[PDB]
Structure formats: C-alpha cells, structure tokens
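Okay, here we've got a single chain as structure tokens, the form deposited in one PDB entry, with questions on binding and movement later.
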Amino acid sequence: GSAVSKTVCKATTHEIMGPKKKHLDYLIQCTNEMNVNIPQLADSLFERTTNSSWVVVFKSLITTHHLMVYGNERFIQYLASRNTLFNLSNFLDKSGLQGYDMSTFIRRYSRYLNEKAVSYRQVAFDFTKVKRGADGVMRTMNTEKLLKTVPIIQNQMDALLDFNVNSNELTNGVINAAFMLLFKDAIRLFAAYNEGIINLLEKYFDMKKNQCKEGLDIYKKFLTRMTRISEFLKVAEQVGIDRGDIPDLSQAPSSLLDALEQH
C-alpha cells in the first residue's frame, strides 16, 4: 500500500537508468501475494505516466513491461480487463533534446504494451509463456481456433516491430532496458508464430476451401513479417547481444506453392 506505492516511486525516479533490480524484485513479489490489491498497484504506475518528464514516464512503462513478463499472471489479467490502458499517443517532453528524441520511443513502446494486453484479452493466454514444442498449445490447436489466433499474434508482432529503433539510437540506459525486454518478447513471439504456421501447413490440405484461403493469407503475411524480424535481430547483433541468444531463422518459407491447391 504505502510500501507498494513508495516502491513504485523508487522504480520511477528521475535518474537516467532503468528501474533498479531491487525495486523490481519487490514488485514482482507483490504480484504473487493474494492479499495485495492489484488495481491499486496498477494505478500508481498509470499515475506516474502523467508526469511531464520522459525519464519518469519511460521507466513506468518499463516497470509495467517487466511485471507483465516476470510477475504473476494475475497482473496482466487485470490489465487486460480494463477498457483504457496507456494514452500517450501525443506525449512530447520538450525540455531538452534527449526529451524530444525519447518522446517518439515512448509513444511507440506504450502502443506495444496496449496491444500486449489486448491480445491477452482476446485469446485468454500469453503467447510468450505457453508450452512450446509438439505437446504445446500453439501446435496442438484445432483448425478453427488456429485460424482465429494466428492473426492476433501477427498484430502483436507488428506493434512490437514498429518500435523501429536503430543501433545508433540506443544511447542511454533507459531506452536500452526497454530494448532488452522487447528482444525477449520478440524471440518468444516468433517461436509461437512459427509453431502456428507449422500447424497450418500440417492441416492446410485436409481443410475446407474458404479456410484454405484465409490460411493462404496468413502464410502470405508471415513471409513479409519474417523479413522484418530479421532486420530487428540484426540491430540486436550490431549492439552486441550474445549470438547464442539470437535464434536461427532458416525455417519454413519455401512452400508458397499451395497458392495453387486452389485447383
């Protein structure tokens, strides 16, 4: 309460670095306690985003992202049940050049976080967290739900990629902390997008005619998203990310010749 609200302030000070690990771990514990009131924790994070300073606002977004990724699932479930989330579409801090330059990334980051919650609301699970493989959701999903879902992943992916940063813009610790989290979400979201496409291909011959047409349209849009993903991971390579963590994309884009099973 007061201990919750004070930690939120400590994670969002004016200092030019991402939120400290010590404050983040306390918040994460907060989400795991049945007696903590989630909505009050969320609301203190929204209030910080009405601040006029870019640093405060960006750190509040980053703390929110970190809780969505490492926190108990009850946090993202609450976020997804609201009707309005971040409204920072017109944010502009003009107090200094850094301000002007960071304002754009704030707009774009906040839109990604909104879309992450909206996707949870739509399908009732977190694409980043579910079982992968052959025994896992994305892969073992009936043809109806699949056709429904894949387009939601694609939308979340597009918002993630519109962050559109270049290596030479990663110049302070606040934006770099954002990027590292975005990187983690990007790799897991790709894994799930890929798994879904694998299911599609598996089932794309045994299916109705109009289905196979929705199908085709997804594979279609997946191949252009593949290209964008590769540009994103190349920023990651330029910045110095351990090449062991970067996933190998040499996988599933040759079969565009079912654009004729519409025999």
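Numbering follows the first chain given and starts at 1. Only residues modelled in both forms are compared. Just so we're on the same page, rigid core means the largest C-alpha set that superposes within 1.5 Å between forms. Compared with the form deposited in another entry:
- When the two forms are overlaid on the rigid core, CA displacement between the two forms of 2 Å or more is confined, within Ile241, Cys9, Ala252, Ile16, to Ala252.
- In sequence order, there is one run of three or more residues whose C-alphas all shift by 2 angstroms or more between the two forms, with the rigid core superposed, and it is 251-263.
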Given for the second form:
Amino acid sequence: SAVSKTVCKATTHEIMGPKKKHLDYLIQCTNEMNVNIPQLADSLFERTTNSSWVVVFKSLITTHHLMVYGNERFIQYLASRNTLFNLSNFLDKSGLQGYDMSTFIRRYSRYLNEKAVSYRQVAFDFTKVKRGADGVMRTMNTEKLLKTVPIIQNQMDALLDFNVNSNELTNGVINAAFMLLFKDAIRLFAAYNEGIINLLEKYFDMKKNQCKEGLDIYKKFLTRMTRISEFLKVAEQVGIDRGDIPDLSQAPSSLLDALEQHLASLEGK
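Return the form deposited in another entry of this protein as a structure block, the form deposited in one PDB entry having already been given.
Only a single chain is listed, so you will not see partners or other molecules.
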C-alpha cells in the first residue's frame, strides 16, 4: 500500500513529470526483494486507465524511468506479461492539450510495449549491456546476430515513431518523456551500430542466404540512420547539451555497394 500510495504520488494531475522523490522511492522498491513487482506494475497499469492524459502519461513515464533506472527484475516482469499497455484508443477530449498529448501517449505506450517485447525476445536490455569489442553486440555469433539486429531495428522504429517536433515539447510531462526517449535512443543506437560493425566483419564469409538477410539489415540501418539524425536534430533544437548528443559520423554507412556486389557474385552461376 505504501508502494501504491507512491505510484499515486508519481502520477498526480499536476502538469509536470513524476517528481524525483517519488521516482527514487520506486527505484528503491524494485531493489528490495520483498517487494512484489507484479503489484507495483498493477498499480502503474491501473493509473493508465485514468481518463486524464496527465495521469496516464505520468504513469507511462514512471514505468519508463523504472525500466531505465530500476532493478532488472522490473523490466523482466513486464516482458513476461502477455499484454502490457493497451492505449491505442486513448483520447482525452477535456481540452486541446488533452487532444495533443493523446497522440504522444499512444506512441509512447507502443514504444514501452516494444521495449518489453525486445527484452522478452533476447533476454537482455540492449540499452544496458556491455559495449565495446568485448561487449554483447560486438561478440555475438552470426546466427544470433542475424536474429537480433532486426529486434533492435523494430525497437528503434517504435522509439522514432514518437515523432515529436521541437515546437511540440510545450509542457513538463511530455518534456520528461522526451528526455528518457533521448537516453534510450542514444543507447539503442550504440547497440544497433555495434551490431552492424559485427555484421560487416562477418558478411563476406556468410552463406548466400545469410548475406541476403544481412543486406536487408544493412539497407534498413541506413534509412534508420537518417531518422535518428532527424531525432537528434530535434534534441539539438530544444537545447540539449551538445556534448550529450552522439556523433553519427562514425557509423559505417558506405558499404552498400560492396555488400551488393558480393551478393551478386554469389547469385551468379
């Protein structure tokens, strides 16, 4: 009940993101093994049944914050559910602000759903695993890599589909969501990029059908890069510390012709 009470405090009608003090409490909750994760999640789900965009959006932000900063047993539990958020028809018509925010609530809930689905499918969180030449994405074997990168790609699509303009970030609730989306985006991009580095190191030794898969992955990566650039430009326009924006220039983006020529040779007599 203390947990439920704090979920309520994190999700009041006040037009601002959940307060740090309540988020910090709920993080600590996830770290105590005696805490019942399903009951904490149920409280969050219940708030998403509220008619107010403010309450619903704040419950989603709280859930996202806990996925990012909480014990891994939290996202593990969300990933175990058959269904997560069901907000595809959400609409708060109480006012123009409610209309505006309803669209973003639908898109944000879809992203969190996909974040849980990604975790269910690969049994780790792309945004939090070890990086580098010795990290998870860089060391992954061929079969697993070909399976995994499309999952990253699907998660990134759902994130980018939030599709907000800088001039739409006009209240503290949506701004709070955006800051967490920004953090996930740069971390998810690093995983995507490492997956592609790995793919390119292996591509010219793969089987014909593996190369077809790899080439599809690469073409899709190139178009997502363009979208990620657009998303970072929104972050730049709104004022985010430029030192926090990653450099996309080092993504290995000039290999299309080589990949195609190699596959073409495999498809010849």
